[PDB]
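J.: Given only the sequences and the hints, what does the whole structure look like? Please build it.
What follows is each chain in one-letter form.
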Amino acid sequence: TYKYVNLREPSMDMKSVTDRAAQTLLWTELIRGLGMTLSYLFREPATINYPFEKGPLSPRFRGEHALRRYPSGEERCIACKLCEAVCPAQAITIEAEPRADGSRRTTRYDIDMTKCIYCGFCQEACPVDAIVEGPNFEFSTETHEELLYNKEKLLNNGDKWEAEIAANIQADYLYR
Amino acid sequence: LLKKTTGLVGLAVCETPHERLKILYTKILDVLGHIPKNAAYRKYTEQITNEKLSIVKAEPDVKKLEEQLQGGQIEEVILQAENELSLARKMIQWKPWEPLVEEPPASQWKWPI
Amino acid sequence: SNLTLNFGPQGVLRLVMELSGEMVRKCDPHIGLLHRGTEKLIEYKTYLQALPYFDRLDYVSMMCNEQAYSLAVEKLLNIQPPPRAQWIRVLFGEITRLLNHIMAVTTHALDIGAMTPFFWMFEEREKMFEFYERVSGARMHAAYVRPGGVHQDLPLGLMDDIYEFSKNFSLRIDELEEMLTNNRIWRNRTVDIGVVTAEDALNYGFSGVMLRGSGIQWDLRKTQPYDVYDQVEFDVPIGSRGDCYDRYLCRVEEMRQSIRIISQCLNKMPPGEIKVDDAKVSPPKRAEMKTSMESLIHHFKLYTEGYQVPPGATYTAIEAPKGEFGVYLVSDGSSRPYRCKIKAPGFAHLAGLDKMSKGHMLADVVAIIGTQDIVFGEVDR
Amino acid sequence: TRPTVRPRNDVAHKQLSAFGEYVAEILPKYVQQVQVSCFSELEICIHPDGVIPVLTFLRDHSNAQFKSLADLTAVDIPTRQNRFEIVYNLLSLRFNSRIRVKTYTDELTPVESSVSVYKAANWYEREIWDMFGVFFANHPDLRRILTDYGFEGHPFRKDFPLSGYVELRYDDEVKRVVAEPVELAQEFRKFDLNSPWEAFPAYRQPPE
Amino acid sequence: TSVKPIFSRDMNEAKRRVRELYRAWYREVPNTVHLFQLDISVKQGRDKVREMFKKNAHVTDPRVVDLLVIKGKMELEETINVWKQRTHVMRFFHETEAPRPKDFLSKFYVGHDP
Amino acid sequence: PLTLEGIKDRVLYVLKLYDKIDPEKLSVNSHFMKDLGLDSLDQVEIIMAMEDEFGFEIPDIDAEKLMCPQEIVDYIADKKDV
Amino acid sequence: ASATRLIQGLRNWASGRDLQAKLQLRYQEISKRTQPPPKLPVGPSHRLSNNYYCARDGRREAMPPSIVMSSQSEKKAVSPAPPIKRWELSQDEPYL
Ligand code: SF4
Ligand code: SF4
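If you read the protein sequences in the order shown, they are chains A, B, C, D, E, F and G.
Per this note's numbering, the very first residue in the first sequence carries number 3; after that it's consecutive.
Per this note's numbering, the very first residue in the second sequence carries number 2; after that it's consecutive.
Per this note's numbering, the very first residue in the third sequence carries number 412; after that it's consecutive.
Per this note's numbering, the very first residue in the fourth sequence carries number 2; after that it's consecutive.
Per this note's numbering, the very first residue in the fifth sequence carries number 6; after that it's consecutive.
Per this note's numbering, the very first residue in the sixth sequence carries number 502; after that it's consecutive.
Per this note's numbering, the very first residue in the seventh sequence carries number 143; after that it's consecutive.
You can trust all of the hints, since none of them are fake.
FRET-style restraints, in silico, Cβ to Cβ:
#1 C/530 x E/56: 56 to 62 Å
#2 A/26 x B/94: 56 to 62 Å
#3 C/777 x B/5: 29 to 35 Å
Hints were generated in silico from the structure; no laboratory data involved.
Think of the CB as a built atom: it goes at the ideal place given N, C-alpha and C, for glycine as much as any other residue.
T.: As structure tokens, this is what we get:
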């Protein structure tokens, strides 16, 4: 159940001693290393042509946050505050009140994307699939406060990315 | 058999393990005789040292002595006998067979609080 | 007089060297440069919330530290994962072991000067990060191994790709080993370097390869086994001289034996669920959260309060690729930990750095900091 | 209780109970409690004067042979007059076992350093100085290891706040990173998550 | 009410340790201003060391002043050995902080803090 | 180190370079604590200024007992011949 | 997989290994990115009878730690376990 690495004794006949001296004087394993590097010279490299080629992803990928709507335009979020209760970074801040038709909705839904650890506990705690961590990873900003999303930015992320978010949830919800 | 290496780094091969273990076990018992009889350390250490020493005196082979001392290679059995000897020499100075030096406070080991 | 150098932070490490010309008389590693106060932040967060901190301790051994924390919490909860979750944990733990040993060997070669097998083996490491992203959605910090099992079942066709990876990965190990093992320049940088005796390795709190390079036959997957490591068949590589070269060979052979374990885990994956079927610990399915009343109550209370862990203290240690990774978890009966000490092997290894670099030279210090696979996230917490 | 309940190991439980009796009767001078958890882990609660005699016993006695120091830990419990609880996790490779050795101190009583027994402690209890303020006597190099150099206070004490008292920022007047009193743009939101119903009747404490 | 000592047996051994620590700091301050190339005078650094010693002058417990001497030794070790940078030395001089309001009236004006 | 008047004038020169001591109020037999109104650390840095002038280490047990400059010059006379 | 047989033969000679059998670039042998939908199994507690939670409760069968010794004959000296069984050498590849 165990094996000894590096517990070989070299032979001491004239054959193997001359083999080790030929390896010393003729640099044979160094030529072996040159041969391996020369072998990789004549391979196709693994390099994709970004931005024109993209690395392969899965439908479970956890990128930029978005707030989804029902297929009637009504937003799914009903202010239950499970997502800021489970948020390990406390990146989510929610404030709510009943709006003009009596619906339980949020007035504040903020996600500090610089606090966020992108672990997706908010999408798996959400009982109505409102907050999702969608596919977008190319949302780098030139300013720190541009990574402090309010509810309007997250609803625009949902309206921007719903055509892809709904297909990823369709491909993945049976594992959940 | 002249075991070429112990396998453990920094632990050289002892050539005569039987006489070395007999000297170390009798020296453990000689140091251990200075402890009072009502101490449990003296009774337990005499018991395990007498079992090990009877096993050493029973077997001429090194390797079957390794398979029946049940402590690995014979050289780390020697090293553990040295550690036991130094321990007994410390236990004479510490005198830990005495009663408890201080009762703890009332909720000192109460968990949860 | 003698020389005193400060190899500063220009992970990261400050080193105060007392040299005597070319020799090294004293090596003082000033650390704390990545001390973030993880195990104080754990105290204000629940057990599920404290889980993603363990991804970021040994940030090349993510699912291993997830597994150690999950085993600590499941030990205090007196529950056990389902068998399929156990085989998935051992599978991704050995994939994590391949990740960590590629990082270890290729950066240890990069710092010495062999910069090429770095690029050769990070494509394989890129494919294993695609396996992590397929199983969890993130490439490094998955938050996948949870107390109760894992978070989500394997997507269909993942095991065929783990097969296609494992079939070809031994040739990658062979060409790494072609570049470095018989190479006389690599041997001249690692043979007489940092010889650690077995008694001082036991005394210094060393663990893993740092013990097994010195001939100590100790592996926690054999001796104190966890999830299904008593059901897989593998060998444990043992060194002979306690140097950098034996530890290199031990890590290459642990890649070999991890490939062996991954083949056995692909051939022996059982059917069944992946969480514990106690819905008071692991959350219910989303289809039954949205239909059952008990399951909605349990979803609410697990994702807001969390499960209450019974009061008690445990030290749960696993065999992470850097060695014995331990969690000393103290629970006071609430849904948040009272205390979580994180034992990591690199802390004791970097403590023994000063003995390992006595009588050596300045360019041997980088070889000794390489043979102890030191990720400063796990050292400084 | 077959699928979902962790199985009890009564063999290791009886063995650790016997060895706890063994350690309690060999060393009655310091051993104050001996307890075995329901998941079969042994704790030896000793007096702080016997840190060196207990740890050298378990390291050297041929039935113990706890050669490895896995972990060294302090725990802050402010409801005790000896608030700090020093935890030694020991590994025997000969007997494949683990033992916990627990002692105690307050802020001002020093604990004797176990670097004579296990040199691994040379950083660990050094960490306990940086994090808890527990002084260790006869330590070779006792100083801070994890916090910043001018840091006042000990962070893992539970009367110490989650954030510090000072925060750093670069100031361009003095051309220097400076420390200022901490002001958060958003307060850390304390959640009161404890359920008011009893979860575990086994751990029920008797009332007054 | 009988406690185990740290180094001192009463207050006089502790004042001996405080006195030798103050001597070592008083000798160190010119080297500290020199090799850190600080913008303070040597007299001003010595006044800061006098202020930091007189801040804790009310302590009548031998163990507490033992730990204060030990922590002053650790700060002096981090000052002699160049482990601190210029920023860590100058954190004793709270330069960029605003002057805090001292009387009742300005504290009434600026906020709610007593 | 030769003549006691030179050592006494040199001690007075050290004490008059010390800013906190009043030069008018300073005498040879004046006590540091209850006459001149000095802190203990004032007396400690006086002793360190004496070590700067005379160039020898004074221990702690015999620097606490130096409460007037007459005791200082007698200590320097007892650590020398004169 | 697009290399001509001259470059492929030079590459297999320079490496010394058969590289087309084990290529580190992935091709059509991988799984499809679109999969048929799963049907995950229920666990053992998805039953309508004999499924009381008081017979499968884990957190409430855990006990407080049993106190062996507290301060409020010729018995055998004991160890925390029997001594560790000596590891057998591998038969697969011991390098011996
Ligand atoms: S992904 Fe995680 S850290 Fe980010 S907002 Fe969601 S719960 Fe919070
Ligand atoms: S996003 Fe979901 S979890 Fe968060 S408050 Fe809205 S409905 Fe609740």
